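Just the one chain here, the form deposited in one PDB entry, laid out as structure tokens.
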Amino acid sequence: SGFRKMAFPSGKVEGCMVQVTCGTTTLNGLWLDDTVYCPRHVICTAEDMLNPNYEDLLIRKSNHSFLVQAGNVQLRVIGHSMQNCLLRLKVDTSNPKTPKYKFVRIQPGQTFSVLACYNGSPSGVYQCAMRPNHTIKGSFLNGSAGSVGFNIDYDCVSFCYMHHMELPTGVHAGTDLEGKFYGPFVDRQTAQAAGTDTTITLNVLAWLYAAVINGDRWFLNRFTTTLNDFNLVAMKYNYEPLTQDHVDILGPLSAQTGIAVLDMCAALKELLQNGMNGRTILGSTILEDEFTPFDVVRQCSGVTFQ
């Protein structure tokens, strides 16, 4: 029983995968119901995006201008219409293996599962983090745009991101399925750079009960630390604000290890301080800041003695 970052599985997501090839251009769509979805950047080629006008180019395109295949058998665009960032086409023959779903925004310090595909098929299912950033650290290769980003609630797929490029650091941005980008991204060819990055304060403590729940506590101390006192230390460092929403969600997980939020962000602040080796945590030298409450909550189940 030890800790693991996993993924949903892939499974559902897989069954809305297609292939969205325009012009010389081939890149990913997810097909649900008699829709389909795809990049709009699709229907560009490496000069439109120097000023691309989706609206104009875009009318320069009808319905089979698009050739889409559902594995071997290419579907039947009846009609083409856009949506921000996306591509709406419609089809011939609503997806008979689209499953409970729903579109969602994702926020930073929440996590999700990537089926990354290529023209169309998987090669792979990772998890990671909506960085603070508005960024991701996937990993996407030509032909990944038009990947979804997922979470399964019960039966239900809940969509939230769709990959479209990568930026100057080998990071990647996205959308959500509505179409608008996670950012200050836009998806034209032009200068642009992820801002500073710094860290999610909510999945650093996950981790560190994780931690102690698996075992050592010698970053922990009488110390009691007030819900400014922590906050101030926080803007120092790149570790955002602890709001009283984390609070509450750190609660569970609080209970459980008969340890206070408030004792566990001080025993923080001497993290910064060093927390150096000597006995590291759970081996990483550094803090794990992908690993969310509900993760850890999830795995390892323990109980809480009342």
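In this text, the rigid core denotes the largest set of C-alpha atoms whose superposition between the two forms falls within 1.5 Å. Residue numbers count along the first chain shown, from 1. First, how it differs from the form deposited in another entry.
- Of the candidates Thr243, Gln69, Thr35, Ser65, the Cα that moves 2 angstroms or more after core superposition between these two forms belongs to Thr243 alone.
- Annotation for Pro168: C-alpha shift under 2 angstroms between these two forms, rigid core superposed.
- Once the rigid core is used as the reference frame, the Cα position of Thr225 differs between these two forms by 2 Å or more.
- Annotation for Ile259: C-alpha shift of 2 angstroms or more between these two forms, rigid core superposed.
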The other form holds:
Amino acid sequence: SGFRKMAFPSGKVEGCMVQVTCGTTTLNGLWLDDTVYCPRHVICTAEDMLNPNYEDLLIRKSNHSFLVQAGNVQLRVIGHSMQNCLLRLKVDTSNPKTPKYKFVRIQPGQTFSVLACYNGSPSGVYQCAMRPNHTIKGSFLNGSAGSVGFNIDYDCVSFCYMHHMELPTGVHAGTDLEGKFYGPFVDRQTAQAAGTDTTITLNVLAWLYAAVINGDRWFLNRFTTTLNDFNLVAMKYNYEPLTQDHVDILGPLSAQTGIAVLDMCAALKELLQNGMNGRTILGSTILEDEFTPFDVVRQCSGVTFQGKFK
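Starting from the form deposited in one PDB entry above, please write out the structure of the form deposited in another entry.
Just the single chain follows, nothing else.
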């Protein structure tokens, strides 16, 4: 029992974090096999960020302009290139601690764990989701660029995110591990902004099921609605349109709670336009949307009674 935002154990990722210095700029790098991946703006001074010319800026660099520290072993960069918005640094030493890994591009609404690093030293870990506007709501200070996001499946770490920068609203932007940003963002000093941040309706619903299993059922006192009637209300509070596929995904949770989906949307309808009236749902006053259906079932598994109900 219990329901908590849970991150993946970070050990396999820690063994890959290194510090990367160029000139007077430092940030973090990802050391896999003989390659160190890091955000390309490590080759920049603060004044360069306004209109950097990365190719020209990098042409000026030699292998020995790049300084890579792994714990204390100094690696030797023996090659370098730019791939989209990342540098790939070839090092002499192949990381003995490399895990099985994939480079994947995560989709909005899915979750991942973040290993926040400073000076190449892991400092903390937490769970977040790729937002529909292609930002994430992280916790990053200066020097955190190069920290990575990841999901672990069996013994394989699948890396989805590398951190680059902060938007004025305090949310964060970065790239996949090929160097391609999520969203419209670019690694130069310019006015950029997160779009209309919508709310991952599928996750809110998944979360509402988690509340029922953990004893919260007060909000369930409405009669079934329809998808069109639910979608209509969900328009102005910026909730993504509910779809049949989303309903199918929640089928296991409806079956375990005995609470049909369109019955749970009846409750969500009420919650959105009239609020919570000062109560709480799983200790929260806000509708949580960074738990996927997968996430909620992993923590809320159950038992199937095999009489035949209605």
